[PDB]
Amino acid sequence: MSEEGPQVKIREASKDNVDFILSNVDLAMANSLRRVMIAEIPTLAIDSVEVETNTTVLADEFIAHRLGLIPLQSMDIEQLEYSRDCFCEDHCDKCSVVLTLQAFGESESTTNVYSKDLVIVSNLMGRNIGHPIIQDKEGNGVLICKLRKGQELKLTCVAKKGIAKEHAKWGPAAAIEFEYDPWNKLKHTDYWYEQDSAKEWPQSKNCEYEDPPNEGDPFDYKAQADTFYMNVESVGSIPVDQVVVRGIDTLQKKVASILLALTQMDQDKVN
Amino acid sequence: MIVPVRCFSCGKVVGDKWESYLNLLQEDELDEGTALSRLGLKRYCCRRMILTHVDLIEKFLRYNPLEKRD
Amino acid sequence: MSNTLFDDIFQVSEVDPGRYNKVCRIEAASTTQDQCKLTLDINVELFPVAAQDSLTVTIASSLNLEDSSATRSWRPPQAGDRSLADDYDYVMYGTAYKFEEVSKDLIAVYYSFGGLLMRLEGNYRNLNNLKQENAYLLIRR
Amino acid sequence: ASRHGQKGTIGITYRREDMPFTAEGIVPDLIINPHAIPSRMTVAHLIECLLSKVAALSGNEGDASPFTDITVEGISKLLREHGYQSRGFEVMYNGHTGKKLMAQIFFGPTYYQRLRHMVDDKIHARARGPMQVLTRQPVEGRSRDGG
Amino acid sequence: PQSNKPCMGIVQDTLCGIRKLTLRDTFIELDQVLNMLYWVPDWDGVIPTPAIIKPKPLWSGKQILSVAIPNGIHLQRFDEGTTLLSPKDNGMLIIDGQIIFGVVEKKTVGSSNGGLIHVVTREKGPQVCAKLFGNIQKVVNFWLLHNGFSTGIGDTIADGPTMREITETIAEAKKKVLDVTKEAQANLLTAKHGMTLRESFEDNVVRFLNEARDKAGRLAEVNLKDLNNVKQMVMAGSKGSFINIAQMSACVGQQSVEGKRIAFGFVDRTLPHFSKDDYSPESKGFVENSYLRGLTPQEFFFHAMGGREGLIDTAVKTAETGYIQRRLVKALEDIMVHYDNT
Amino acid sequence: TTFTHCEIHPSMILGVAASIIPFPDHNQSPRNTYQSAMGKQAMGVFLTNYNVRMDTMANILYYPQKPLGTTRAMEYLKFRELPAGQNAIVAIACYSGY
Amino acid sequence: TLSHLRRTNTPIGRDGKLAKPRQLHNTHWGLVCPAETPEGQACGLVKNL
Amino acid sequence: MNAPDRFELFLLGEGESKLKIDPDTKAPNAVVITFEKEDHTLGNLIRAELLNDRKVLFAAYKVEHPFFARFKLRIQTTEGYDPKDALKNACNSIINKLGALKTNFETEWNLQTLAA
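Protein chains in written order, with PDB author numbering: chain A, 1 to 271; chain B, 1 to 70; chain C, 1 to 67, 73 to 146; chain D, 981 to 1127; chain E, 514 to 855; chain F, 736 to 833; chain G, 491 to 539; chain H, 1 to 116.
Simulated from the structure, these hints should not be mistaken for laboratory data.
Do not take every clue at face value.
Stated by the list, open to error - Keeping only pairs whose Cα atoms sit at most 25 angstroms apart, straight-line, the calculated DSS-like set for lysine-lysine is:
{"hint": "1", "chain 1": "A", "residue 1": "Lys269", "chain 2": "H", "residue 2": "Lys84"}
{"hint": "2", "chain 1": "A", "residue 1": "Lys187", "chain 2": "E", "residue 2": "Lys619"}
{"hint": "3", "chain 1": "H", "residue 1": "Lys62", "chain 2": "A", "residue 2": "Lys160"}
{"hint": "4", "chain 1": "H", "residue 1": "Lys55", "chain 2": "A", "residue 2": "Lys269"}
{"hint": "5", "chain 1": "F", "residue 1": "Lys775", "chain 2": "B", "residue 2": "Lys59"}
{"hint": "6", "chain 1": "H", "residue 1": "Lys62", "chain 2": "A", "residue 2": "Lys253"}
{"hint": "7", "chain 1": "H", "residue 1": "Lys102", "chain 2": "H", "residue 2": "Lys62"}
{"hint": "8", "chain 1": "E", "residue 1": "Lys744", "chain 2": "A", "residue 2": "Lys185"}
{"hint": "9", "chain 1": "A", "residue 1": "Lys187", "chain 2": "E", "residue 2": "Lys569"}
{"hint": "10", "chain 1": "A", "residue 1": "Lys253", "chain 2": "H", "residue 2": "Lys97"}
Extracted from the complex, chain A is given alone in its bound form:
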């Protein structure tokens, strides 16, 4: 086992949540890891809509914005290309996905337009991608709109590849909890009290994983932050372990890009 490197202890896992401890690591590294896990992992989402028939009570960009946030399966996103790089005109077969939506309110009672009715008509080339993410029991997923008697909606959707640094729709992580030093041994926070600070502030669940300090011990002025407690939840598109692994990979690639540029510049200086 790699005893010279960062250590990890998973305590809990599921389809959505991973709950773990990260030890023997700096604070800067853990912070950068969480920043990348939230902001810089690609995913597949709807990026353009064109509408044929709209006899609803809502607007057009309203429904466009509603569609732009629906989650879709993006496990194999490494085999697509940024549409600004593909040589195709407009959208490719290798640099986009295409879906169609059609609905009509034939019945007297109002009819809901969910996200289970998005149908893919492009060619996937045997890649696991584009499927809508469904997490409810009934399987309907995100409800999109509402229809009455004699109302129809027809439109076509183009979904592309990007990151969360340009829109919140491509983000695969909902919210990640990041804690450390629940006993305030390092004196990083200073408490606010009325009578007794030790009682007004509740205790974190994490206190059980460290030993309380003793009043006879002088302030330890040599310690550093080393143990962090994280919890990560996914929107649903990517598996959560893949979220963590891809965050690490993206950080590695960024540092490697820095290294390559530095080597190139050193070769230039040689000239």
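Given chain A, work out where chains B, C, D, E, F, G and H should sit, using these hints.
Chains B, C, D, E, F, G and H alone, transformed into the frame defined by chain A:
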């Protein structure tokens, strides 16, 4: 106006749970807090999304874009 | 010529916490000479001090144990470097801003370690060489 | 604007990474300055924040009518039943470096209204353009690109 | 040149921060000192020697903040009860750019006479002071971004004993007013110098009630700790005063209209819920509650009238002052210093 | 001790504009006046049939939220049917000086 | 709309410097809203029930 | 509207160098290195790693305005040692640490799946 698909704060998705949330309120006759917690809404921002929603889509729907008076 | 400009052993009477939560002010008398008293601001969280304690106090002009760091940038300590600071247990760097003549045979000197103040009261011959502008205060418990 | 005479303008927008966060991963939808509380004595803003937080955590409408029996201490008691510091403070970490913040932060939901004044309807510039028939001076009116 | 003193200074939250930085309590580690020294665009690459070399290198906020201040600037200010070794950390001593002792606050980096800004401008020049503004703002904002600051409802709360003395003071003032009323109702009260009997009664009542409010406010202010955010803002000099603390915590006080108490709008009373010929303080516009406690309907109404007065004041005297200003500027517009010095 | 009538409720001494502020008695009075002024410039559903009407100008809000803290009088102004704002998480703090 | 259908105007010159009609008076208890009034030249002169 | 395009946060413009190195004229063996289209995520990591080298004297970074994605780094090292070499060592150490972290997480996740 139909329920927001996502939570404005923590990025979570609450859009699909509105239909099932309405079920617990009269079929099971539960209170609002326990019904909100029954669907995994634990941060109070998601509870804010679901709890304070004015569903105006059922009023426009009894109506047409043609001939309102004053 | 040794660097150490002043050396003595003092005994503290009382500690004055005040409103602060890290810094305390203490006053002390010299057990060797009767006309020497000390008022000092210290960082207790690093060097806790109680009443009725005996402390060795030295004022030195350089930490190099053998003979231009005033205008040179301070460099982090290196493994394998020995200096005068390796003997004592609390070292502070400061500058003096007032030499006061209380009477003919007594003088006081004021030092300011980054906003932490110290007054030293003593005989002329004892504090003869304290005319320096920058100094290191070393304390051994 | 809030319901207590406290209105302002957006001065910058940040993304979720640079936002200070709590230990639970919650992020403020907006951040206001505390230099607005003392001279205005809008204690009702703070009380509304506290009561709205308690109602969101609990799940029931919270009365705030005038001349009634609700007190600050009562809602603070109802707050501590849930597990938060009674005066509404919370521990928050820096968004950039990830450290802890020395001082705690007052945190909670409120109600805001989007007023009628947008910057897109107030912005105007003119190098040259139409004049007036009689005085031959630049015309009046933003929609008529005047001076 | 209207009042020969600076018109700009450090304001609002930079002022609230530059004070929390320079307390004796604040010590800084190595990395943050490095980042802070980089932020100062006029740095010379030299790292100040720390003040606590052993057993851990630390820097004091005064030391890092001294980097922004130019070299050759000297300042002395002695406040109340400060000696050449300040125990309260009052006053200010700056020798050749270094803060010797003293917390920096509204009296130093504000728009005041003889402060840092004025001496820097009169010694170096406008460009150096212009640089100083941004140096100070950058350093203090970078530090305050990592320190943090807030304010909440917990800062307007006072402990129970202070509430007890507050209520007791209010009660004793009420008793004094009642006794003066009893004395005047028996034709025993003496009219003051050149001033009617009714005016004497009104003057006594008003003075008693005002002193009661002031004393209660001062008790509630003395109760507060040093880690109170409202007290910190007030001490720094950025927002508020002791009147605001008194009203939010101790008691609101006596509402007036046109310099007098709430007159009789109806016949021989002030509101249909009272009885004819009532002169008690609670019936003539006295608010013994606080903004934290809550106002009862009648004192709410009287407070509303008090506010309406000032609203009207602004809304009209804007226009009157405008007319006066125009007439003044038109009258004097053609006066010029010539080369004869006349 | 010779009472003749009673107040049905003190809250009714207020109009329709100021019947939406929560805890108005904990506020300085000019603040109540200012909010009574600014309550007429919020964006919201002015009528549930805005779809037809060709007004000179109209503004509509996508998702309106009924407030978490409501006065009891609102049940007569119908402010929980046609709200004019949203519940925003707010942190009162100093952060970067912006 | 609610506030507009419940408005009363006092036909005195809105530049008239008579302060007494502007101020709130003891007889307005329960018949006039004390909080809600315009700002500017119509201060106190416009009333809301 | 004057809102700049978002893709200017992660796509370099033509004629843009991802790194720019400039000697510092005040302190010997000091360089200022400008990075483009980057934010605190990288600068904090690199500075925290550069603070572990016993031959590195000074290492500090800043982001002057939160509108533009770019930041400056400043390095100063001991005599007979190149700041570019220090940067290379820091990047190598970071990469090794991240690789070890990934291997550990994969081992733990697979063990949990076996225990799932």
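Exercise for review: Find the hints from earlier in the document that the structure breaks and name them by number, from lowest to highest.
Suggested key: Failing hints, ascending: 2, 3, 7 and 8.
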